[PDB]
Amino acid sequence: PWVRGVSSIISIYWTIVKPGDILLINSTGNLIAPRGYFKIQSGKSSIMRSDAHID
Amino acid sequence: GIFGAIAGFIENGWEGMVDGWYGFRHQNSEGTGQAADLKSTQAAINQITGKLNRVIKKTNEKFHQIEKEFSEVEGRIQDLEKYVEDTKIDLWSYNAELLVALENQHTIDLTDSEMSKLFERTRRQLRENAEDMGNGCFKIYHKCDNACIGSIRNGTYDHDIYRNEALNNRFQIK
Ligand SMILES: *[C@@H]1O[C@H](CO)[C@@H](O[C@@H]2O[C@H](CO)[C@@H](O[C@H]3O[C@H](CO[C@H]4O[C@H](CO)[C@@H](O)[C@H](O)[C@@H]4O)[C@@H](O)[C@H](O[C@H]4O[C@H](CO)[C@@H](O)[C@H](O)[C@@H]4O[C@H]4O[C@H](CO)[C@@H](O)[C@H](O)[C@@H]4O)[C@@H]3O)[C@H](O)[C@H]2NC(C)=O)[C@H](O)[C@H]1NC(C)=O
Ligand SMILES: *[C@@H]1O[C@H](CO)[C@@H](O[C@@H]2O[C@H](CO)[C@@H](O[C@@H]3O[C@H](CO)[C@@H](O)[C@H](O[C@H]4O[C@H](CO)[C@@H](O)[C@H](O)[C@@H]4O)[C@@H]3O)[C@H](O)[C@H]2NC(C)=O)[C@H](O)[C@H]1NC(C)=O
Ligand SMILES: *[C@@H]1O[C@H](CO)[C@@H](O[C@@H]2O[C@H](CO)[C@@H](O)[C@H](O)[C@H]2NC(C)=O)[C@H](O)[C@H]1NC(C)=O
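Chains as they are written, first to last, in the authors' numbering: chain A, 221 to 275; chain B, 1 to 174.
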């Protein structure tokens, strides 16, 4: 589908790497590479859908 | 009424008694009067405040739960997410509905308890010196001025010093 000049598309994938684990990337091409990592945790954190004015 | 006092043998509540919940209203040679009974008033209030405090307490913060509105059709995994939440809500609504019902019935009934508790306390206080008229009032068979009435309320009424007079007034013919 044509999106802003392009008739192509990128598939997005995610990976978690534990301490002591290693991220290993073998690619022969078509790789949209990572520039680094997000620090991922878990807690009093969420998300909500709303159009309510924040005041 | 369960204890049968409020809307049972007492005809009406006193709209003009705004200094308490339960109380006394009287007539004697020195006129008429009215004053609240702070013991039974406070007792009902304490019980209700207690359960009120106990109902109205907070819960745990809840943080990142599941999605409950869906913009697209996903079938089986969405079906379940919807089913879980719906189940939950029905159960919580039920609990709430039932809670209020039980609590309210109990509040109705405990306040009726306090009414009869006060009445019986007085009936015992007065021994053989007065008779139950049926409507929540007593017929006192001796002269009982405002000071006398103020010994009945306040529980400082020695029946024995009136006993003699009362018995003579109770046991005549007509
Ligand atoms: C497989 O099948 C699909 C469907 O048949 C097909 O998809 C089609 O792909 C082509 C090209 O990839 C694409 O072409 C035009 O896309 C732009 C959108 O056209 C839409 O315009 C409206 C939205 O604004 C929309 O309502 C219409 O209904 C229409 O669909 C269109 O702007 C493009 O035109 C610019 O680009 C071409 C070069 O690609 C120039 O030649 C044009 O002159 C024009 O350029 C001008 O404008 C730009 C700025 O807009 C400017 O920078 C430039 O200098 C110049 O001034 C395209 O003509 C179709 O839209 C798309 N169709 C659908 C339905 O998606 C695939 O291509 C098929 N695959 C193969 C291999 O054939
Ligand atoms: C995973 O990572 C490894 C990291 O090394 C990577 O290994 C490389 O694989 C390529 C592909 O086999 C090797 O390149 C070959 O080397 C020689 C000369 O360069 C040739 O054998 C091959 O050329 C072929 O090209 C022709 C054109 O089609 C063919 O027709 C013909 O058969 C030729 O043989 C090819 O270039 C490369 O040597 C290794 N690297 C090392 C260090 O050994 C591997 O490819 C990665 N996996 C992927 C990308 O899927
Ligand atoms: C009833 O008992 C209470 C005991 O506290 C007495 O209450 C007093 O009432 C008088 C009015 O008659 C007030 O002037 C006092 O301030 C009250 N004292 C307190 C501590 O509340 C009361 O005197 C007793 N009843 C009678 C008829 O005397």
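By construction, these hints were calculated from the structure, which means they are not laboratory data.
Careful: at least some of the hints might be erroneous.
30 Å max Cα-Cα, derived DSBU-like pairs, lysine-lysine [unchecked claim]: (1) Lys259/A / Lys62/B; (2) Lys88/B / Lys57/B; (3) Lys259/A / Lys39/B; (4) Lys57/B / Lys264/A; (5) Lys51/B / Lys82/B; (6) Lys259/A / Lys238/A; (7) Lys117/B / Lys139/B; (8) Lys39/B / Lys174/B; (9) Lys68/B / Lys264/A; (10) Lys139/B / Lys174/B; (11) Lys82/B / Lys264/A; (12) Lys117/B / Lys82/B; (13) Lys57/B / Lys82/B; (14) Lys117/B / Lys68/B; (15) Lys68/B / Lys51/B; (16) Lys264/A / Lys88/B; (17) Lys58/B / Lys264/A; (18) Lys117/B / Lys238/A; (19) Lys57/B / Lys39/B; (20) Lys139/B / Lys264/A; (21) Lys68/B / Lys58/B; (22) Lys238/A / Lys264/A; (23) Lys82/B / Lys68/B.
Looking from chain A toward chain B, a few residues come up when the C-beta cut is under 10 Å (computed) [stated by the list, open to error]: (24) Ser266; (25) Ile267; (26) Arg269.
Virtual Cβ for every residue (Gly too), placed ideally from N, Cα, C.
Evaluation of the provided hints:
About 23 Å separates the Cα atoms of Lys259/A and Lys62/B, which keeps this hinted pair within 30 Å; it holds. Straight-line distance between C-alpha atoms of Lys88/B and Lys57/B comes to about 20 Å, which keeps the hinted pair within the 30 Å bound. Taken as a hint, the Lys259/A and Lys39/B pair is broken in the structure, with Cα atoms around 64 Å apart against an allowance of 30 Å. With a C-alpha separation of about 21 Å, the suggested pair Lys57/B and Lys264/A falls inside the 30 Å cut-off, and the hint holds.
As the CA atoms of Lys51/B and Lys82/B are separated by approximately 34 Å, the hinted pair breaks the 30 Å bound. Taking the CA atoms of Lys259/A and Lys238/A, the gap is about 11 Å. The hint holds against a cut of 30 Å. In summary, the hint linking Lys117/B to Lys139/B is supported, as the alpha carbons are separated by about 19 Å, within the 30 Å threshold. Only pairs whose Cα atoms come within 30 Å are accepted, and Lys39/B paired with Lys174/B is rejected, the gap being roughly 40 Å.
The hinted pair formed by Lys68/B and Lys264/A meets the criterion: a straight-line CA distance of about 19 Å does not exceed 30 Å. Between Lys139/B and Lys174/B the CA atoms are separated by roughly 17 Å; this keeps the pair inside 30 Å, and the hint holds. Our distance criterion of 30 Å between C-alpha atoms is met by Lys82/B and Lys264/A, whose separation comes to about 23 Å. This hinted pair does not check out: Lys117/B and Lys82/B have alpha carbons roughly 52 Å apart, beyond 30 Å.
For the hint pairing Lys57/B with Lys82/B, the CA-to-CA distance comes to about 28 Å; that is within 30 Å, so the pair holds. Restraint check for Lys117/B and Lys68/B: the C-alpha separation of about 52 Å exceeds 30 Å, so the hint is violated. Distance restraint check for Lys68/B and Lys51/B: the Cα-Cα separation of roughly 33 Å exceeds the 30 Å cut-off, and the hinted pair is therefore not satisfied. At most 30 Å may separate the alpha-carbon atoms for a hinted pair to count; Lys264/A and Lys88/B meet this at roughly 22 Å.
A hinted pair counts as satisfied when its Cα atoms are at most 30 Å apart, and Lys58/B with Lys264/A qualifies at roughly 18 Å. A distance of roughly 70 Å separates the Cα atoms of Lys117/B and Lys238/A; the hinted pair therefore is violated under the 30 Å criterion. Proposed proximity of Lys57/B and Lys39/B is supported: the alpha carbons are some 28 Å apart, at most 30 Å. Among the hinted pairs, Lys139/B with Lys264/A is inconsistent with the structure: their alpha-carbon atoms are about 69 Å apart, more than 30 Å.
Note on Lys68/B and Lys58/B: the hinted pairing holds, with a Cα-Cα distance of about 23 Å set against a maximum of 30 Å. Between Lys238/A and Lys264/A, the direct Cα distance comes to roughly 22 Å. Compliance with the 30 Å bound is thereby established for this hinted pair. With a CA separation close to 6 Å, the supplied pair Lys82/B and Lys68/B stays within the 30 Å bound. Below 10 Å, beta-carbon pairs count as interface contacts, and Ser266/A has one with chain B at about 4 Å; its hint therefore holds.
Hint status for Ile267/A: holds, given a least beta-carbon distance of 7 Å to chain B, under 10 Å. With a least beta-carbon distance of about 7 Å to chain B, the hint placing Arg269/A at the interface is held under the 10 Å criterion.
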